[PDB]
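Colleague: All chains, please: the whole structure from these sequences, using the hints.
Number of protein chains: 2
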Amino acid sequence: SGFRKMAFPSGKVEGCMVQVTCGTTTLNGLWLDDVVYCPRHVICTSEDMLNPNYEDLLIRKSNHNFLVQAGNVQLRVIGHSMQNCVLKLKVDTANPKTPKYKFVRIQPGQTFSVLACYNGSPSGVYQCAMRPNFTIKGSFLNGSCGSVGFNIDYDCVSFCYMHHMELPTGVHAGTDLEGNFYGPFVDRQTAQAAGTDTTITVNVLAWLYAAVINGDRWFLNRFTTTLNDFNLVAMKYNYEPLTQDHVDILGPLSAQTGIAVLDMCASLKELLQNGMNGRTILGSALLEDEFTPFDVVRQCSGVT
Amino acid sequence: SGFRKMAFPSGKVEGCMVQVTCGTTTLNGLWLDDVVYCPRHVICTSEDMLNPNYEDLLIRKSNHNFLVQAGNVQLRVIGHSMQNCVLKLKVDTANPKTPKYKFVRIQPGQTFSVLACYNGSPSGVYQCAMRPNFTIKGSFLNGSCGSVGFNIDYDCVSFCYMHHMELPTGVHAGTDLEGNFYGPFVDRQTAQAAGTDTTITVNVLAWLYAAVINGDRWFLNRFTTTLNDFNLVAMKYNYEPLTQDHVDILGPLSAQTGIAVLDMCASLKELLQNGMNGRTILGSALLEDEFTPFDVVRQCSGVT
Ligand SMILES: COc1ccccc1O[C@H](C)CNC(=O)c1cc(=O)[nH]c2ccc(F)cc12
Ligand SMILES: COc1ccccc1O[C@H](C)CNC(=O)c1cc(=O)[nH]c2ccc(F)cc12
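As you go down the protein sequences, you meet chains A and A' in turn. A prime marks a further copy of an entry chain.
Mapping of the first sequence onto the deposited numbering: position 296 corresponds to residue 296, and the numbering continues sequentially without gaps.
Mapping of the second sequence onto the deposited numbering: position 15 corresponds to residue 15, and the numbering continues sequentially without gaps.
Take the hints with a grain of salt, since some may be wrong.
Pairs involving identical chains hold if they fit within one copy or between any two copies, as the list cannot separate such chains.
To be verified - Using 20 Å as the maximum straight-line C-alpha spacing, the simulated EDC-like pairs for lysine to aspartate or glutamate come out as follows: (1) 137 with 216; (2) 137 with 263; (3) 61 with 48; (4) 97 with 14; (5) 97 with 155; (6) 100 with 14; (7) 88 with 56; (8) 90 with 176; (9) 61 with 248; (10) 137 with 155; (11) 90 with 55; (12) 236 with 176.
None of these hints come from the bench; they were simulated from the model.
Modeller: Given below as structure tokens:
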């Protein structure tokens, strides 16, 4: 029993972290096979970030201008190319620690672990969720760019995020491993405001199921609702609309606890309307939305 | 910017996890040099757990009864001994992945990362704190015993916890790596209730400093207090008494923000007396106490 914001074991990703320096800028790179992936803004000076023309900036860079260091040893850069907002630095050595991997582009509401790195070195690991406004609420300081987000399925690492920037509001934006930003963000130091950070309803319900499984049941009520009635309340509280797809995904949690999804929706509705009344659920005084239904099942079953 | 419940990168510990089986019981072991450490209750059947005599149970066990598997390969057990509540299984092969390490016994209020494991395999990593009642609020299922808690200082892993049991109240108890339980808990399936789970005051203040550093300042007030006045309020709210040692440890956070420790204590006092009023601090609706002053500095500076 017990429920924690758990991240995947980070070892497989730690073995891929390298340092990339170009001129006076140093950030993190991801070394997989003979390619090192890093944010293209490594070629920019702080002045360039205001209005960078990446293709023009890249013309002044050669293979020898990209310094790649794996631990204390230097990798030889034999090629470089820009794919969207990432640079792919071809090195002459395949990473011997390359795990089985995939590059996946996640949907909002999906969770992942982040291995925060500085100078190619891991500092920590934490669990994130792609917000519905395509930002993440991370913990990143200067030098953290190129730190990656990932999920692990037994021995396969699915990389889904690469950190690129912090918006003026303290929230984070980045790309998938093909260099495409999540959301409308650009790798430029300009006015980029995030949209509404709505709550991931299906995740909150999954977390309420986790609470019931772990003994916290005070919020269970005598009511039920419909998808349309629940959604009227969800709209009022800036919660994402719940679809039949979400109800289907909550099927196994519903089966395990014996609590119908719409009954859990009615519990959630009363919690939204009445608040927690100074009470807690799984040690939290707010409704947690960064656990997917898959995370709840995984944690509650012990998938390794 | 941003503040997260961050765990240490777990790779160095993942390389030490092994599976230990004795009879029909399988749990996790920690392989460091040529010794595998595991909870002594691996020798018990579920029936034995009600009133086990470990010395007597151990007489019926030989080296060949302890099956140790590292990944898919079997380790040869050449010796076994019981130290307090842990078994030390001497194997014929030194773990080639043994990091630099120490065994430390932590004090209540100190935090650590847990690498939850099942069958010698890592499932996830999360950040914990040794509660003032010597329990931890973890996430452990059947088979998680022998999972360890640790801190990392650059390349040295300080192991501080080994998981042994779940109390009937859903909280967790375990030992340091010398096999001594934290608190008064015993490795027996009996009525073991935990004492008062008081709040780790110095950690809450460290977290309030983290909030100020990251932009959340609404709770800062026009007041100050004294250690004795603050402690009268702390006693009323089941917070640990704040000492001058704690004030000294908060010195660097006080210096960084320019907010005197006693002024932050007065902010904390008003938060205890008036509540959050439906507001949040670093995305939490309660006062977080599982970040030490060292964790706040580390996260806010980027120690790798
Ligand atoms: C406005 O910057 C950009 C605009 C678009 C694209 C990239 C930008 O980022 C520049 C290149 C490098 N950024 C960081 O290293 C960085 C990342 C972070 O998440 N938090 C930080 C906190 C403090 C700090 F001094 C720096 C950071
Ligand atoms: C009362 O048990 C003991 C009393 C004293 C000492 C050890 C005991 O633990 C037995 C040997 C094995 N325990 C687990 O595997 C276990 C650990 C956990 O943290 N959560 C669990 C959730 C469900 C479940 F079925 C088992 C566990």
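Colleague: Against this structure, judge whether each hint is valid.
Modeller: Hint check results:
no.	hint	result
1	137 with 216	between (27 Å within a copy, 14 Å between copies)
2	137 with 263	neither (30 Å within a copy, 29 Å between copies)
3	61 with 48	within (14 Å within a copy, 69 Å between copies)
4	97 with 14	both (9 Å within a copy, 14 Å between copies)
5	97 with 155	both (13 Å within a copy, 18 Å between copies)
6	100 with 14	both (14 Å within a copy, 17 Å between copies)
7	88 with 56	within (17 Å within a copy, 62 Å between copies)
8	90 with 176	within (19 Å within a copy, 46 Å between copies)
9	61 with 248	neither (51 Å within a copy, 50 Å between copies)
10	137 with 155	neither (27 Å within a copy, 28 Å between copies)
11	90 with 55	within (18 Å within a copy, 60 Å between copies)
12	236 with 176	neither (32 Å within a copy, 50 Å between copies)
The earlier numbered hints that this structure contradicts are 2, 9, 10, 12.
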